[PDB]
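Presented below, as structure tokens, is a lone chain in the form deposited in one PDB entry.
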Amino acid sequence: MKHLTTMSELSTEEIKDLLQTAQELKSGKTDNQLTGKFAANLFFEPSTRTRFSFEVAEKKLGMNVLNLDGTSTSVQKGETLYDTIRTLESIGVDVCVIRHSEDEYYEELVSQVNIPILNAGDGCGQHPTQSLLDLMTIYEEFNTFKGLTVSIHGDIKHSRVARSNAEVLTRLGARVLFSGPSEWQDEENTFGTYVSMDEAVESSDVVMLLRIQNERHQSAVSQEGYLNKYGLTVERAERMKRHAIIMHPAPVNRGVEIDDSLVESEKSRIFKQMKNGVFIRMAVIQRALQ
């Protein structure tokens, strides 16, 4: 039993092992050991990739799957997250995947519950499996992290993606750059140098775009002309290194943080990221259940 909650508490060796496993499974290697066991997907926030890649991963591992929403479950009757987990243990669930609006919802749980918890996202906190498939995608491309320059752009302080990726990339020996509206920068995220998109887009081996976390803002603010100012425009992408890649955890808001024509251009690895997500998540479930 191993939780996957925060990227900062996962060692370099474990990351290295998870990537190898994921790569092998992607290669065709299979395993049935978990056939018949039960996984529960609890998503209290909207999702497509994370949620359904987990379901695919679970079913490829031969597992039965229970899918829980926040509006149809007894959470409507005031049940706590912990009780929901204990309930799921009681009816035979072996592992739980959770996405929740509350930053660090898992701290209370990991010490109390008896089955592995896989964090599919905690508000603006952590997003471990996104980080892992990001790393995998990067390593597949450059076959190393050391000496890489990776720039993360946009709404940083509301991003569990950036918060997971910045520390671990630095830890793996890469240089991390930030950019975007100064208002949206993170003082709790020092693992990167704040520069401008125009500066970073030329020194970056990786250009990671972020969606604006509109649903997470205290107050809605104008974002007219965001693309020109902060986004990856065609002209900006044309100034990227030959070997550089474009990444984005999705969903993309075409015409906002990236030009519509770039999403599926030569240097884009956005959809490749989604492919790797499945195998990364298969690996993570195996790690969780031994």
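Definition used throughout: the rigid core is the maximal C-alpha set that superposes within 1.5 Å between two forms. Numbering follows the first chain given and starts at 1. First, how it differs from the form deposited in another entry.
- Per-residue Cα shift between the two forms after core alignment stays below 2 Å for all of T190, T170, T144, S203 except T190.
- Comparing the forms between the two forms on their rigid core, the Cα displacement of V221 reaches 2 Å or more.
- Core-superposed comparison between the two forms: the CA of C124 exceeds or equals a 2 Å shift.
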Given for the second form:
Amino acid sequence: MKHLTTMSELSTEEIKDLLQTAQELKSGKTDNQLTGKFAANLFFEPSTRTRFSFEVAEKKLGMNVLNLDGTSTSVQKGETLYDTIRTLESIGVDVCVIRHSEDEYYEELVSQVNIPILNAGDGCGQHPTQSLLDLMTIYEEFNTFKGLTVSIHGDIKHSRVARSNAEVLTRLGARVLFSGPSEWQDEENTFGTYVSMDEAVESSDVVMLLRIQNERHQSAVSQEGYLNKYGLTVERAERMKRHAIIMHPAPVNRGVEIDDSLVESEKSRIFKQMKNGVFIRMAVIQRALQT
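Let's compare: the form deposited in one PDB entry is above, so bring in the form deposited in another entry.
So it's only the chain below, everything else dropped.
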């Protein structure tokens, strides 16, 4: 049994094995080892795109799926997450996928339960299958991480995914850049150099955009002028390297972080990421249940 909680808990070699298994699955490799086993999708915090992706993966592996969207009647009655998982084991669930509000909910969980937990997103915001599918997409494009320049743009401060991506990309030998409103930057980041979008589009092999939500303090950082000020405009995209790619974890705010016309332009790998997500999640599930 092998949980998946964070990228930092995986070895460079584990990452590469997962990417390789996903590529093989993407190529059509299939078996019946997991047919009839049970996966529970516990999306305490809803995320339809992520749940759908895991669900296709589970069903492509021949698994039965139990879905929970939003609050559980049990946790409403104060049930511990540990008891929830132990309940699932008792009824015959073999693997749990979890998206949950509590900060690092898994840390205590992982040593105490008897079935693998796959983190689909936590309170701190780690999202390891997103990182993995991102890595897979980059690797398919260039066949290496060494010496790549990867820029990541937007609310870096409040995207643990951005920061966990920067960290793992660094471990893999890539250089990382950040752009966005200065007030959304982590002032003390070991991984990545803060620069302007206008600089990054020219020096990058990979341009990774984040969704610009709407929340936090009074600073709404006008979504209206964001694209021009900070985002990937047509003019900025035109100055990208010939071989460079555009990535975005979705959903995309067209006209905000990116120009509506670029979402499906030739350098965009945005929908390819989504293709890859399923096979990554298949590989993560096989890893979870391998004996």
